[PDB]
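What follows is one chain in structure tokens, specifically the form deposited in one PDB entry.
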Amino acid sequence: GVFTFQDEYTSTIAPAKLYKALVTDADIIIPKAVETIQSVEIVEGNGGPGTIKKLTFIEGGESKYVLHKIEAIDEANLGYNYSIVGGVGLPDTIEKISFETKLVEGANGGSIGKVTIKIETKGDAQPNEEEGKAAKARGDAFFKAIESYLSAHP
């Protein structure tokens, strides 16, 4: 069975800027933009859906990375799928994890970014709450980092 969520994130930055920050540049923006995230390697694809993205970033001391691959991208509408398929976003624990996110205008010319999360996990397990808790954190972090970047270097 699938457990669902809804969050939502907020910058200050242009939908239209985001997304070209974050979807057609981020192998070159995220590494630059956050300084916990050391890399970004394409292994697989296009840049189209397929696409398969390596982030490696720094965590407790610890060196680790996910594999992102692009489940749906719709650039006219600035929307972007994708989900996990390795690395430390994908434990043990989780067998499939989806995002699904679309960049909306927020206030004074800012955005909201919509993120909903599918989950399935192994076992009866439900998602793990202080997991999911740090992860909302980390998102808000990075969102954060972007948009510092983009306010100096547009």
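Numbering follows the first chain given and starts at 1. We call the rigid core the largest set of C-alpha positions that still match within 1.5 Å between the two forms. Compared with the form deposited in another entry:
With the rigid core aligned between these two forms, only one of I28, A107, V43, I58 has a CA shift of 2 Å or more: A107.
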Given for the second form:
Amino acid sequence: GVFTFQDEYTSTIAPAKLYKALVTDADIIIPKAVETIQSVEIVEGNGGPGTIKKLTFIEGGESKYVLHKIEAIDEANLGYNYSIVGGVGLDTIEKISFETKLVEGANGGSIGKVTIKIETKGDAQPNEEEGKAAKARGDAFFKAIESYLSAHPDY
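Since we've got the form deposited in one PDB entry here, give me the form deposited in another entry too.
Chain alone follows, minus partners and molecules.
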């Protein structure tokens, strides 16, 4: 099966600055800003499409990681696409991909848009509890970056 989900975030912060924190300087900023993420490292690649990143985090008190493959990175248009290609545990989920953009919000602020595509085996459905947890993580993520940027404008 194929399933899509959308989310939206608003910030007072300007889109190019948010994008620099979220994407360009993600390897430095994300482990600083996000209290449940310890490190963000390049496993392979030069930063462009194909690059594999390893994000190490703590969940339920245990150290885990997830691998992201960069699929598209377009700073001109504040776009960033990636998919999840590995990590700890397992199972019904063949693939989960993300399309993200930042656009001009209010007045000079932003809106962050994320489309999530989930491919499953057969007529398996995406697990609702796991989706709720992921959504909550997304919200907390975007909030933590905003907070950190507010406290550190000229980094």
